[PDB]
Amino acid sequence: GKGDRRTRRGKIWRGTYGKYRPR
Amino acid sequence: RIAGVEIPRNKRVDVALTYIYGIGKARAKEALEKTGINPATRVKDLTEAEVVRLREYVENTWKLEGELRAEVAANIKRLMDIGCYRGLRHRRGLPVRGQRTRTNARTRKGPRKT
Amino acid sequence: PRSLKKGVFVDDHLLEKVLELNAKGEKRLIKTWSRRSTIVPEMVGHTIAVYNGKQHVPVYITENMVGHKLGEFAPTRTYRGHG
Amino acid sequence: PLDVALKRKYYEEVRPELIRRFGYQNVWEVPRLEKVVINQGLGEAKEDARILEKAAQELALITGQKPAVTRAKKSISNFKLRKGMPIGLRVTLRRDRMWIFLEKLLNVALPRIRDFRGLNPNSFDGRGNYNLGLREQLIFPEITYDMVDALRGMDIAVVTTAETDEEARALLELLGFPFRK
Amino acid sequence: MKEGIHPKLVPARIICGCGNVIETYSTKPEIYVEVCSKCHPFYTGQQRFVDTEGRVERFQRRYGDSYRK
RNA sequence: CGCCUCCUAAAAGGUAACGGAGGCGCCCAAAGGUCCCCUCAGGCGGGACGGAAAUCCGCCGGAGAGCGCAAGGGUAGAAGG
RNA sequence: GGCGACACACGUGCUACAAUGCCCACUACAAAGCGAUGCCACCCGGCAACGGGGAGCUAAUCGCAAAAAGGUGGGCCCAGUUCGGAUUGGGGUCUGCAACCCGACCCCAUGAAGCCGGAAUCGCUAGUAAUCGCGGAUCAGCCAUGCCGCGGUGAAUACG
RNA sequence: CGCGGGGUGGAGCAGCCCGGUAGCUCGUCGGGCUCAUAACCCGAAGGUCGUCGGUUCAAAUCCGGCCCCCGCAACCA
Ligand SMILES: [Zn+2]
Numbered sequence: 002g003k004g005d006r007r008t009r010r011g012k013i014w015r016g017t018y019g020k021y022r023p024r
Numbered sequence: 003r004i005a006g007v008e009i010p011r012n013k014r015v016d017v018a019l020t021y022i023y024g025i026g027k028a029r030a031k032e033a034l035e036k037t038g039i040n041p042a043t044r045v046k047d048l049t050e051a052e053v054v055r056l057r058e059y060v061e062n063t064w065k066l067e068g069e070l071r072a073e074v075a076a077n078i079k080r081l082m083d084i085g086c087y088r089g090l091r092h093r094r095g096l097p098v099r100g101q102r103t104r105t106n107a108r109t110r111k112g113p114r115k116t
Numbered sequence: 002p003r004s005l006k007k008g009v010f011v012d013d014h015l016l017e018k019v020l021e022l023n024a025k026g027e028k029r030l031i032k033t034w035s036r037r038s039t040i041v042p043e044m045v046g047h048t049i050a051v052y053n054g055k056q057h058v059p060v061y062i063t064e065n066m067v068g069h070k071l072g073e074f075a076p077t078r079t080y081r082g083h084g
Numbered sequence: 002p003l004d005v006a007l008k009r010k011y012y013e014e015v016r017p018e019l020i021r022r023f024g025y026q027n028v029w030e031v032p033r034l035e036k037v038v039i040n041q042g043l044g045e046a047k048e049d050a051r052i053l054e055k056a057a058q059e060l061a062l063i064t065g066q067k068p069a070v071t072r073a074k075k076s077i078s079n080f081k082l083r084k085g086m087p088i089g090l091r092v093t094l095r096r097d098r099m100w101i102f103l104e105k106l107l108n109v110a111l112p113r114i115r116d117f118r119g120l121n122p123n124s125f126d127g128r129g130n131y132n133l134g135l136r137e138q139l140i141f142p143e144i145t146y147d148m149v150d151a152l153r154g155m156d157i158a159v160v161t162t163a164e165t166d167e168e169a170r171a172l173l174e175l176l177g178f179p180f181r182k
Numbered sequence: 001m002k003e004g005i006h007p008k009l010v011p012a013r014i015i016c017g018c019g020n021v022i023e024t025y026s027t028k029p030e031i032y033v034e035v036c037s038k039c040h041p042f043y044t045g046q047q048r049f050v051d052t053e054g055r056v057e058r059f060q061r062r063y064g065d066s067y068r069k
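Protein chains in written order, with the entry's author numbering: chain u, 2 to 24; chain m, 3 to 116; chain s, 2 to 84; chain G, 2 to 182; chain 4, 1 to 69.
A couple of the hints might just be wrong.
What the hints assert, rightly or not - Okay, derived cross-link-like pairs now, BS3-like style, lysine-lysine, Cα gap no bigger than 27 Å in a straight line:
hint: 1; chain 1: 4; residue 1: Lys8; chain 2: G; residue 2: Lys36
hint: 2; chain 1: G; residue 1: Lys67; chain 2: m; residue 2: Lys65
hint: 3; chain 1: 4; residue 1: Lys8; chain 2: G; residue 2: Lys182
hint: 4; chain 1: G; residue 1: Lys8; chain 2: 4; residue 2: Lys8
hint: 5; chain 1: m; residue 1: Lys79; chain 2: G; residue 2: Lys182
hint: 6; chain 1: u; residue 1: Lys20; chain 2: m; residue 2: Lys65
hint: 7; chain 1: 4; residue 1: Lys69; chain 2: s; residue 2: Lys7
hint: 8; chain 1: m; residue 1: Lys79; chain 2: s; residue 2: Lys7
hint: 9; chain 1: 4; residue 1: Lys38; chain 2: m; residue 2: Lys36
hint: 10; chain 1: 4; residue 1: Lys38; chain 2: m; residue 2: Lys65
hint: 11; chain 1: G; residue 1: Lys67; chain 2: 4; residue 2: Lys69
hint: 12; chain 1: m; residue 1: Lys31; chain 2: u; residue 2: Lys12
Said to hold, decoys possible - Which residues of chain s face chain 4? A partial, calculated answer using Cβ under 7 Å:
hint: 13; residue: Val9
hint: 14; residue: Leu30
hint: 15; residue: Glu64
No lab work stands behind these hints: they were computed from the structure. Note that beta-carbon positions come from the ideal geometry of N, C-alpha and C, so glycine has one too.
Turn these sequences into a full structure, and let the hints guide you.
So, in structure tokens, the structure goes:
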């Protein structure tokens, strides 16, 4: 869900960047 | 089958690896790369040599089922021994990572007790 | 945790007092206020009464507790249950 | 009778090795495997699924020998088992089936054990008789995960001609029982 | 042996993850096994198979000695 | 209030008391007959669930077990399974 | 050190219990704001956080900054699951003198309850509700799911 | 002490006859409703069945003992 960091969904909701959501 | 457990034939290999304790989505997409195996293949569609290759590779690249759990308990048990706050938290069955014990500790405390 | 690129933080007065006993032989339980400080491998075999906010809790520093902060072992709170 | 490699190991090396290690005056003084007993104290089929003969089938697959049924020697309140009630299967593997089953045990069964750090070096009768237990039955190659439905463990009582646990563990060690300690 | 109750034994080929063949007698002629004696950890010098650290703690204090003394 | 068991009951039997203890008013088509086979309780050690006590193994046991039910007698060289 | 406890209890929210869905790769489409010891473009390294370079930007011109849902293609096939992310172990980055109590974030693994919720109870009549994302204040950093705003798509129903 | 009966969750009672599993009301806890309280609604919890022995594989539930309580009698004088 939104609260899952490992999903790109999460890093969207969490507003972060990482292995699963680059820039 | 594999190191300690079996993956369902009807599922793809990617989800197949994940059922191993100590194997999540990350390494699951990795062993296919390091073993050059199609992720889309069902476990019912996996060849012996590919599996044994898979079996040989992954089961030594990491410890997964029993060997992995022991380190956890080893880490956890030794914390109880050292009397660290972290270990202090575990011996109370309380959220060890600084969560708020006053409310919403159910996942660490389970059923509510008036 | 602390950026290992950055140095591994330990208070100056703490470490020096550690090496002093390391120099002058193991002795002299050391009061301390540096809960934020990290245990260092040299600290093994020492005994230090770390301050909790009210008291100095004497904690014997073994090898088994080297890679940690000192505040971990002086619990700054008192809970005994309910009823 | 039929040939079995492990028994061959017993005669070839195990006999002379024990003789050297102890200098037995007679070859009848050296240890031997009297029989290998297999028990499953089910404690479940006695009440429900009283025909869990399928488990006996599993024993037959692992042993090539259908186990006999053991019933309650008396009723019990706590153990919800009236007397004369099948509670555990049992088979008694002997010479040929003994060496065979043992061979499949060491070569496959133990190494298939989850986190098998070895056998207890202490699970001895005292008379030179070893006992152990299993928590599942799918260890054996005859049994597949497809055919298995519930994890019935078991117990194994390997009896030995020897009198001490000394010569016993010496023997099985020569037989290569991997002792975790 | 009661003639009719015991499942008849045959030569049985053991096949390990090593491809180790082990001739035995069983109710399955050809048989495969994920593991044998020639591959099990406890038999292979224990091999560590993932981790040779062996109770890495405590230190293992690498990144240390940065103190100024 | 009738019958069984034990003491009373005095080493034959029988022997009283509103004397001291318990039972019976059935049950088994096998719990009967016969042939064949086996031997218990209990204790210890070992044994996945599983324990105090399931089933298994070894070891020690003359019977202290069991023998449908009260007690007694009898009993494994079986009346026991 | 405490305000962060913790048997519990209540309120307010967030995330879900999935297929009108989840995940992945590509293509869009905003508004409103912020930024000189800050935005930081772009490059490199690094799984990544991030670090090293480093232009421009004093602001309609530089950047923050991708909007997201959406569309496209693929997988998943009803599964406590490719749902769920809670907890926990470990390894790291960053700020900070110092992240044990007591930060955030990155990575692996762990993968909890939860299958639409009793009594009961709340908001909403239109660009509203619902859902999607963006910005700012405080602030070194952030415990922000909050607050204040911005825009995307976009309902049903009012007999009385 | 002679006879009969009973002594189950905090209270009042059930389950006993037929031993395999103890239920009801009230009450308590929590929540809901109320400005709050009661009432009410939802939910939740919770019983060596006197005590001691024996019977039983197993006893609240069988048996015996003790204790308490209750009812009945304690007579011809
Ligand atoms: Zn092998």
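Consistency of the hints with the structure:
1. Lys8 (chain 4) - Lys36 (chain G): With a Cα-Cα distance of about 20 Å, the restraint between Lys8 (chain 4) and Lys36 (chain G) holds, given a limit of 27 Å.
2. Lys67 (chain G) - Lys65 (chain m): 39 Å, violated
3. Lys8 (chain 4) - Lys182 (chain G): 37 Å, violated
4. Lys8 (chain G) - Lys8 (chain 4): 20 Å, holds
5. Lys79 (chain m) - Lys182 (chain G): Satisfied, since the Cα-Cα distance of roughly 22 Å is no more than 27 Å.
6. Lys20 (chain u) - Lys65 (chain m): This hinted pair holds, its Cα atoms lying about 23 Å apart.
7. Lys69 (chain 4) - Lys7 (chain s): 17 Å, holds
8. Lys79 (chain m) - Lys7 (chain s): Status violated; Cα separation ~31 Å.
9. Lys38 (chain 4) - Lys36 (chain m): This hinted pair holds, its Cα atoms lying about 25 Å apart.
10. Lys38 (chain 4) - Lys65 (chain m): 19 Å, holds
11. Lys67 (chain G) - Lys69 (chain 4): Between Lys67 (chain G) and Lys69 (chain 4) the Cα gap is close to 75 Å, so the pair fails against 27 Å, i.e. violated.
12. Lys31 (chain m) - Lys12 (chain u): Distance of about 20 Å is within 27 Å: holds.
13. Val9: 6 Å, holds
14. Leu30: Status violated, d = 21 Å.
15. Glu64: At 5 Å from the nearest chain 4 Cβ, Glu64 (chain s) passes the 7 Å test, so the hint holds.
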